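To begin, one chain is listed below as structure tokens, in the form deposited without the named molecule.
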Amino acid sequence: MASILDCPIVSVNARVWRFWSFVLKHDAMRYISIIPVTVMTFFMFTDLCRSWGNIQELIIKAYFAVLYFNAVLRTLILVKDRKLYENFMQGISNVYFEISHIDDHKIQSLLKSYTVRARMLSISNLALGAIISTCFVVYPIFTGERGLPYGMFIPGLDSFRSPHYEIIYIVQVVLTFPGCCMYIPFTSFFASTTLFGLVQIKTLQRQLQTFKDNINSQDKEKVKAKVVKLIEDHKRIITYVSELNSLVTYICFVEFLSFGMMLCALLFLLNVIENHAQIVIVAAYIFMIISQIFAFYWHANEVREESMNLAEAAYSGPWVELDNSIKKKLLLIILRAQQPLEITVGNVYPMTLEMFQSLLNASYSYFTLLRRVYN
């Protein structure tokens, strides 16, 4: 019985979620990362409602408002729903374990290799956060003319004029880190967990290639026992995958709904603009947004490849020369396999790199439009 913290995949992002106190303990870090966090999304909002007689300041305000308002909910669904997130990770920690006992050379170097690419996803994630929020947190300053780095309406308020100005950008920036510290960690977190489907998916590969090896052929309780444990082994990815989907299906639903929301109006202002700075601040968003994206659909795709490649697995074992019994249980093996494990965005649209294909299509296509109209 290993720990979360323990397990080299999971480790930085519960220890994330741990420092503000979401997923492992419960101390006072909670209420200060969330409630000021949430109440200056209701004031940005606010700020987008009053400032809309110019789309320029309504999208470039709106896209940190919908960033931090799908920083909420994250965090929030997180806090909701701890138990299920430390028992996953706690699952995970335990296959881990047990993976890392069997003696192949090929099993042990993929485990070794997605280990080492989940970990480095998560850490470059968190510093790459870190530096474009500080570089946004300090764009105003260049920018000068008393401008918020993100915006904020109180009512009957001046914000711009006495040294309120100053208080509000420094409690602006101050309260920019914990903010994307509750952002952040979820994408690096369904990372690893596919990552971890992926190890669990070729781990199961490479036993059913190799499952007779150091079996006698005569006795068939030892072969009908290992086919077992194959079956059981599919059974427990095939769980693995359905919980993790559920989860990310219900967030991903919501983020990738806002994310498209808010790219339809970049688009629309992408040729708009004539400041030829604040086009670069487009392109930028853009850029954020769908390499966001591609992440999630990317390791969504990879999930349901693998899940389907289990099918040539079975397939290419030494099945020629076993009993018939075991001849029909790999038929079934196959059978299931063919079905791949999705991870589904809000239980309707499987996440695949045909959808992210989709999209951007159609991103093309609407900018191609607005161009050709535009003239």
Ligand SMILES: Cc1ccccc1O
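Could you switch over to the form solved in complex with the named molecule, since the one displayed so far is the form deposited without the named molecule?
What follows is just the one chain, with no partners and no other molecules.
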């Protein structure tokens, strides 16, 4: 029986989520990771509200607060809908085994190429998260003042006086370890999932162009069975894309809003600071943010384009010599395939690179607004 942890594509994210007991096991680690970070984000937002005085602290806080709120939101959706994610990953494992069992050189090569691509993306995302978390912790050192890794205020509690400060710092550091985790794998997971989508899509394309190979032409029963199988695989791909679409759709509506605000925040911050090396840290923040955004939008766009290329590959087949009925079936396949298998943002807008450019433009506009007001 194929298992979630057996499939290379989803193995890394499954392991990371099972370590915190989000999607595979239930234990105290889930709550130990959720509740402290939720409280941290809440007090971060309170400090943000209370820090209307000076703009620099306001902006850095706001950035960290939005980042951690988005992480917590993603985690809450993941834990709330654990069963659907588990079922999706189990289906991914089953389809991965089925595809791997195929005996086509190009299909296998495509499988391995995309599997290694997904795994490298996941590990690179984890490494980038680790480094950027380290930069998070070391950020308040270069300034010199008694700063904190992330702003936080407790009602009527002094944070810059007495040894209490230190304790906060220390606990904050450990609070970073879950936080980054809770954010990164889902992104990777999306990518990974989308990549498998492409794999599946591309597989059908090959099976669409070679379905008549080794099949007797005289008898129409076997050709009919083969085209029926092709239709069934197309429907399976549609269902996969629809499920991933719903999940990542709500998540990506919230993600679009939060990413717009975060990119605005980082761009404004980079243009105000005057410290020695903190600008490099802000630049690393921007690199992380745009890397996640690009992963999301690029993979969704590829899903769409590969569905349309599925239509094209349906056209480029051995359909000239087939009987009339099989030609009608392939015409219906071309008809359906020309509609992109969109992964929508909040179910309102398909996720493409056009929305990526729009997000960048909106972030830059917000940055210009902040420049004008601050001046």
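Only the largest set of C-alpha atoms that superpose within 1.5 Å between the two forms is called the rigid core. Residue numbers count along the first chain shown, from 1.
- When the two forms are overlaid on the rigid core, CA displacement between these two forms of 2 Å or more is confined, within 254, 284, 123, 102, to 284.
- Here residue 24 does not count as shifted, since its C-alpha moves by less than 2 Å between these two forms after the core is aligned.
- Once both forms are fitted on their core, the CA shift for residue 11 between these two forms remains under 2 Å.
- Once both forms are fitted on their core, the CA shift for residue 154 between these two forms remains under 2 Å.
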